[PDB]
Amino acid sequence: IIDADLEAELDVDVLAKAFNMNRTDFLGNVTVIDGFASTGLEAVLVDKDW
Amino acid sequence: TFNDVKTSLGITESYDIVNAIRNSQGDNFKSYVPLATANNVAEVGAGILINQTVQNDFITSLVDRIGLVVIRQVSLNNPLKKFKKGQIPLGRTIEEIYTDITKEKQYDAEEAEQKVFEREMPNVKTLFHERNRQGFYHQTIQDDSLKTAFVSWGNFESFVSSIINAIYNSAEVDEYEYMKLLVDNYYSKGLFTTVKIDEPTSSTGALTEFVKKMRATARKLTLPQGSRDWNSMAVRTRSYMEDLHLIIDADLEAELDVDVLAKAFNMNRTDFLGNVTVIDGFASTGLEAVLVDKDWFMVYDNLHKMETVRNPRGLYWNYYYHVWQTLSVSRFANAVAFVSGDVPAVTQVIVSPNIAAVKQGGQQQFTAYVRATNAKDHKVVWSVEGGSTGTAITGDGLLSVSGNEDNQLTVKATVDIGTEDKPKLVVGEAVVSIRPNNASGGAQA
Amino acid sequence: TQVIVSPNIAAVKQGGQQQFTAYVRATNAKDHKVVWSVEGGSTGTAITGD
Amino acid sequence: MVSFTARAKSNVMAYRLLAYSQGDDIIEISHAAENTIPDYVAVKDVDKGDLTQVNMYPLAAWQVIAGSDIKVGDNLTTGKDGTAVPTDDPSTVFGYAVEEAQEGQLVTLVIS
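Chains as they are written, first to last, in full-length UniProt numbering: chain W, 250 to 299; chain C, 4 to 448; chain P, 350 to 399; chain Z, 2 to 113.
Among the hints, erroneous ones may be present.
Restricting the straight-line Cα-Cα distance to at most 25 Å, the calculated cross-link-like pairs of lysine to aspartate or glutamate (DMTMM-like) are [unchecked claim]:
#1 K87(C) x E99(C)
#2 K362(P) x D147(C)
#3 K84(C) x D296(W)
#4 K379(P) x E101(Z)
#5 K183(C) x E99(C)
#6 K81(Z) x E388(P)
#7 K266(W) x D260(C)
#8 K33(C) x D254(W)
#9 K45(Z) x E99(C)
#10 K297(C) x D274(W)
#11 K297(W) x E212(C)
#12 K362(P) x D25(Z)
#13 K379(P) x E202(C)
#14 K382(P) x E100(Z)
#15 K362(P) x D46(Z)
#16 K81(Z) x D380(P)
#17 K379(P) x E258(C)
#18 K382(P) x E104(Z)
#19 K72(Z) x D380(P)
#20 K266(W) x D147(C)
#21 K72(Z) x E388(P)
#22 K215(C) x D262(W)
#23 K297(C) x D177(C)
#24 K45(Z) x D380(P)
#25 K379(P) x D7(C)
Hints were generated in silico from the structure; no laboratory data involved.
Starting from the given sequences, assemble the full structure and let the hints guide the process.
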């Protein structure tokens, strides 16, 4: 779970991620959100059964 | 039975999100202001332990029953079980036999007049393995008591099976750990072919070099022509890229994936560094990673079954899932350790025909394979011990039996590294029994 | 961040024992020695250092 | 074990070090005095007039309330309220710690 802005920063600057732009073998099922309200919370990675 | 139960029992709350929303004034939490029941969603969301019986909202006399029971089916697997072999019911020892290639003679019909029946011995070496771990998984299921917590046999039975599944999880996870142990053990014995690397978890250059070294290694390991340098035996063998596996700590793995683009490009490719098995960190220090041919593992199942017994007094069942297994490692098949930081100049000298026998007065040529971490040729010194007689060995590794003793000679290949004040005598050892011959002699001339 | 105490729920008969385990979700700084304590009505009733 | 009847004479608290005295045809028990060697350890709260029992057995170790912070291997003696505290005077040592304890926590001890 990650917002679009950070996601974009990562897509462009980190080539490993760019190479694996849509691969769930790299990270999880990247789902883009509006943004977390909690201050400092940049991203969360959870099990689908969470 | 409980009474004074908090909704936030073990909650180390950072801040009260409810109040954050309540006091929202153009801040991020304004996005939750439009919500209608946010206060309750937060209050009893995010979990909830214990269980405080809740009365019905409309009729307070009535209580709300549980609508759904969720019995989890989570199963753990041994990431290394793909290296397992078959079952061994009867017997305990496994003999691994591996032959070898043997030189090349030149066609010569003239010579062949007398060399029919020349006699040329095979180069066969064996290893033995045996049942090792023998444990079991003990659980009590007091079914009759459990029944008060269920309203249906579907759920009841599901629960019981989750316990049984947990037993299987327990077994499979421990299996993993013991296989991990095999790796650290083999390493602790200096049997992996070692590779000196700089701490990869530092400079990206080190990470880059680390990858290059692994790639170099892998290509050598699968080099069809065969090699005698990638295992703990002197035998010539080979691997397949799909049979090579990389045993590596997730942290380092991530470092490599991100910083090395070649790794990223081939992150999804088994033809790059073989198959990859990401693990938790090794117990050994410098052991950063292991590249290994699947046949290296000699893990066989022995006895494994579940025994049960009913306690007629306590109305319960005990389950005893036994797991006896032969866990071991072959010295054949290729395997490489990537060791960060300090390494020995020589890790493990190997001597040819480790197990040999020779007639009184006969001779046997040996070869030493110095597993150095450099290309400096640290020089082998041949030696023989147990020589109750003048039996001796030549400087080229040629053992020559006196013609009369038999004392299971110890053949040594000594490599002294470092200063002679701290003579680090790395020694390869072999043993030679002496077959009776009683040939006429005493002194030549 | 948080400390998780093993069996959230126990049921000691009196004079019996129950081993609890703390899972300190530190983050980076390897914090250590957990102080165990227990609250109740009848005096005595206590937890060992482990 | 060998059990016998004894009467508390001063609000016995669990996990406290106990002493005893000869009372009205019965052994009376209470918290051990400060800086001495205790005889028995409480494992139940027993009030000033309450009657209870003692279970005799050469226990290897006792679990008592630490009267102060205790380091592994510390020689222990009685402290305030019958708690166990670190010391260095042999004549008051009744055992020693085999585990760390903070004040108010239980500390396992081995008798000597």
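Hint-by-hint comparison with the structure:
no.	hint	verdict
1	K87(C) x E99(C)	holds (15 Å)
2	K362(P) x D147(C)	holds (21 Å)
3	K84(C) x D296(W)	holds (24 Å)
4	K379(P) x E101(Z)	holds (19 Å)
5	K183(C) x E99(C)	holds (21 Å)
6	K81(Z) x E388(P)	holds (20 Å)
7	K266(W) x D260(C)	holds (9 Å)
8	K33(C) x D254(W)	holds (20 Å)
9	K45(Z) x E99(C)	violated (63 Å)
10	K297(C) x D274(W)	holds (23 Å)
11	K297(W) x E212(C)	violated (37 Å)
12	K362(P) x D25(Z)	violated (33 Å)
13	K379(P) x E202(C)	holds (22 Å)
14	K382(P) x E100(Z)	holds (12 Å)
15	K362(P) x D46(Z)	holds (15 Å)
16	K81(Z) x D380(P)	violated (31 Å)
17	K379(P) x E258(C)	holds (22 Å)
18	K382(P) x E104(Z)	holds (13 Å)
19	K72(Z) x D380(P)	holds (18 Å)
20	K266(W) x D147(C)	violated (54 Å)
21	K72(Z) x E388(P)	holds (23 Å)
22	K215(C) x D262(W)	holds (24 Å)
23	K297(C) x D177(C)	holds (20 Å)
24	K45(Z) x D380(P)	violated (35 Å)
25	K379(P) x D7(C)	violated (34 Å)
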